[PDB]
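In structure tokens, one chain follows: the form deposited in one PDB entry.
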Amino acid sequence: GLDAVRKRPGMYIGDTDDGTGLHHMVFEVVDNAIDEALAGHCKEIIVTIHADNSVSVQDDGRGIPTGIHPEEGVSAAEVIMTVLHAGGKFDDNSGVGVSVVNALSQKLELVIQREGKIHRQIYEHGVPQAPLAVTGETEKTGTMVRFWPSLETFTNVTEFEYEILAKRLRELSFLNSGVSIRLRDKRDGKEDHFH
């Protein structure tokens, strides 16, 4: 229920007015990349602030699955992106899910490297422009999500702040010291590497 998330955003990502929910959007995507260090073989995560107030997260995990999911008749990726808790990682006895980020984004770009192919899909408020599609060949595996947050959901503090992201990435590095984490700001060229 993408509308259900937009109806109750605080219940998923926190306060939508003081900047904290805005930055929790990034941390949800980063938490999904971090989980692949154990669930897959992720060794490197790159978090970039773009000049148009979007953030991307690139990992070298397994890649969000791309095959057609039988019940929905669309790619698994699309299901993961549009259906709350979908994807085989939610344990109702054990966070939020990339579908929450998609629901609360004006636009989301998804690029997956998996099974020899590059795959791409663009969403607007959680609605795909086209089915996931193959764009080329690759030997890599991984997932890149770049999102532009919805100004219908996020108010007041709406711009991403380098220092808020660096502080949480520095904590995450301490607890995941085998993963290379890079933060880059395209606006001014600032970067930090952890550990």
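Numbering follows the first chain given and starts at 1. In this text, the rigid core denotes the largest set of C-alpha atoms whose superposition between the two forms falls within 1.5 Å. What changes on going to the form deposited in another entry:
Aligning the rigid core between these two forms and inspecting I46, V157, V55, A37, the C-alpha positions shift by 2 Å or more at one residue, which is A37.
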Contents of the next structure:
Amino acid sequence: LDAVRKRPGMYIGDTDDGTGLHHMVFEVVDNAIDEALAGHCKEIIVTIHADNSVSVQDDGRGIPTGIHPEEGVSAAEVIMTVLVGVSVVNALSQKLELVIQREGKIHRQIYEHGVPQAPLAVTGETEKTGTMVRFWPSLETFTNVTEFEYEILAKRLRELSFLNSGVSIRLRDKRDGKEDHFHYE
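Having seen the form deposited in one PDB entry, can you show the form deposited in another entry?
What comes next is one chain alone, with no partners or other molecules.
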């Protein structure tokens, strides 16, 4: 990830005018939609938290957890730490929390500035499947516009709901209780 850390704006977009900040969300949403499309229920939930982190969840199969035979870490960690892709989001997040529900098990992992704090670990059992990422954008990178703007997210998620017409997209703002549900049929 050092190439991204060296020139963040070249990977994510302008880091002073809010452009790059919102692009962080959109990169994560792309992966969540892909995951949701491979499942039965086909819903993603985007939440803006009161600490100005964002989470994206899907109810798909869960991203793969097995050890990548070539890299020697979990496949989820390969996705998060190898090179725009969610690895860029991770590199530019002061914290990122990953939760994967798959094959009867809950898996969790924490990153700080793209560095895993421990290996992906089984933490419990579950009947559900899906993936959730919550990220706190790094305030060492993102300046001036540091808070998410509901309308910027809503506009883009609406476009995505029409293109991905089988996918339900919920947007929730925990700062003021604002919510939308984009679903085309």
